[PDB]
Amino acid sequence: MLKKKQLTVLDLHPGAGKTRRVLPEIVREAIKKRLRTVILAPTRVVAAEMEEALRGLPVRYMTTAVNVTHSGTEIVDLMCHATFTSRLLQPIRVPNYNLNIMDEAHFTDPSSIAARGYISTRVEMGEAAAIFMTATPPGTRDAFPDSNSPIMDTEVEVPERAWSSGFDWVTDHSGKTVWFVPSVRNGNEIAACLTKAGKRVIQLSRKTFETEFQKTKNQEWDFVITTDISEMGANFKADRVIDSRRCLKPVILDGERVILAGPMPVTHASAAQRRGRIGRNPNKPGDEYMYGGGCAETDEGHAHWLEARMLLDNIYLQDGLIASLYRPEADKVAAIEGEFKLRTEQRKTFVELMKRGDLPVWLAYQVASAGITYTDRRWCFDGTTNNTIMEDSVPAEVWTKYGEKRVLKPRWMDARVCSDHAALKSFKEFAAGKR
């Protein structure tokens, strides 16, 4: 794998030991061969798990999730997928790594797709080697892969709302269950229904992931209610997965707005990853997987692939050359390479709206390409009345940086900025000039 000009896909089934057994061997061989190496973790939680598997080896942890004293002798760097892409975008030299290892290379967040595209392009140019580690590489059609111990698979109707009757099998269980819901708001409803029935419930989402995951190891629980983020290496000591088989999909309508379509079916890769949370202990057979719908190829036309092209168009590769998306996932978006290339000043605004503003890639691009500077928030208030953001069925209001009370009515509307109370609270602070 380690020889130049080659991309290898390590596709062992979930729980086969890619992180704790294969990754340390790869690191030893890379250090022995003097290969400048990068290890890319999907999340801060996986970076902490990787430090345990690589403990002792000279690895430089470029993350605050690990508290380790770096000796300065390391030729192997470990960072999150998003940190890699962020450093590529920023005015900072990123080493031209001889070996690029990506754990959970199935992650479909825009910054993961862009990291895959940049790395595979370097490999295609014969400049580097790469290893993409995932049980479900792009193109997988098998939602029931192998496991360490047998799994009971059962197609059943799964609640997506609070219930008074008809689902005895859910509460009549004395083990631990991980439940994948289509959204944060749907998770809040089921969590409230299970809590009222006497259950201890922990909720996980992208924004609360590091803090709340700790509680799964630190306290006794009956149910973990989570969005699709737990498909990225999150491990639990559970005997059952309940899977709605549904997700929300960001969709760009007419190139003018982003809506959250669905809930709609997950891909076969997502279903296999959600199922993959159980059946991991060979000494505990009989873990259950209850699924409530079929799979579909819902990544086609999904906004993350267009957003990944917006990231790659603004990453320097060599002169005017632009990195292409990783070949098995390049048809998920109809886009010309270079069409989102911004000039130096607007590109700096684009990065800052993402990094500091915490805005979605699509929304940051609309603001920056319009020649608006980072601190100029007038666009948050001058959109059409149909772009009015609503809070509890009444128009949301903020005090502007000028001391005037205005209705939140963005010029460009992206449903991700108000999809839940936490997201809307953060967008209100942005519109007020608080960050």
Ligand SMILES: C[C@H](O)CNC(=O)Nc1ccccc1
Second form
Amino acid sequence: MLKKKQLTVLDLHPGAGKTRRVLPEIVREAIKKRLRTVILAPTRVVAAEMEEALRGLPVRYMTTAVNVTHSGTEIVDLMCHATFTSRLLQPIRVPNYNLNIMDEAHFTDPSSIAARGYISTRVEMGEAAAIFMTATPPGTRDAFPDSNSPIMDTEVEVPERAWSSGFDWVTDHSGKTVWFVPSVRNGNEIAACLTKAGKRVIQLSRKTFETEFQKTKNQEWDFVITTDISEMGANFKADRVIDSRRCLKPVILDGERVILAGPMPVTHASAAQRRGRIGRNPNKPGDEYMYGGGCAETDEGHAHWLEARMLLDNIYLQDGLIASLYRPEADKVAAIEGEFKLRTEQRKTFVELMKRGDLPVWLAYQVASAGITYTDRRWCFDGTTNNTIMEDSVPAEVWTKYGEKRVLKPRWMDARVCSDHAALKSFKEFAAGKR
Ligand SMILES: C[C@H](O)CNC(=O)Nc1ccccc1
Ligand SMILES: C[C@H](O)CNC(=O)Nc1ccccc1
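Now that we've seen the form deposited without the named molecule, could you pull up the form solved in complex with the named molecule?
What follows is the whole complex; the chain from before opens it.
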């Protein structure tokens, strides 16, 4: 496994112990063999759980999710997927990792896809070894994999709106339920209905995940309402998953705008991970998985794979060579390797628009490749009339950095900057020059 030129997919079923049992064995072996190693966690929550599994072992934690005093002698680095790719985009000396370990390696956010592409390319070049840990590798077709204890699988109509009758089984349940919704806004409406019905609800999404996930440990709850972020190794003490089996898909239309298409079916991988939240306790058989639709391979044509190519085109590898996407996910996007390579100053703008600007990759690329500098926000206001962003059914307005009240009307429209109240608030702050 640890030998150079080898990429290993550790595809044990969900809950089989990849993170708590196998990972520490690999790390002890890597240290014995003096292999410089990186461990990539999908989330800060997983990074902290890895610290518990790896406690005692000399690991440098490159995350403020862990409070450790390092020795400076560690040859094993641990960071989130996004941090790895983020540092690769910056003028930062990159250690030669002989061994590259990615946990929850099914994660489809652009920076995770890019990290797999960089790593697998280095393995293909004979420069390194890699281990990708996931029950659901790219292209998996089995939504119902093995579990630690038997699961009751039931195809059932699942509400996606508030309801007054017809779904008694949802609220008649006395255990804890994890409910996967297609979007934050959808989750808000279901959560309000459950709260009105007397349930205690916690809501999880990408921007709130680390903070809100702690509440699943610190307080009593009946329902966790979550987007697909909880597919990435989030552990709950639950006995039921309700799965809409739906997600939103960012889709680039006519190379000029990004829409959030759907809700549409999840992939088999996603469905298996959603289901995989339960059936984890061999002493508690009969956890329930209620699913409200079929699976489809909706990662095909999904903007994240094009965005991953934008990131990798702007990461140095060797001379003019450019890292390929990991082979099993390399034909998901029509994309020409190298087509998004930016010159020095535009590439720095691109990085800053993602890092400080917090803009989606695709949108950051449009701005940077247009030769616009980071602090120049005129593009947020000079788009066509159908790019007007709406707030409470009237055009959203901000005061520009010049002190002028203007309608938010970006030259490039990416629906992710206004998909919920929090997103729009952050984009308004950006348009105003506030970061
Ligand atoms: C997101 C991360 O917190 C940012 N970077 C780090 O923490 N970097 C780091 C920490 C310890 C040793 C060497 C490097
Ligand atoms: C003190 C340690 O060597 C810090 N480790 C790293 O800086 N790791 C790193 C740097 C660039 C890209 C990806 C990963």
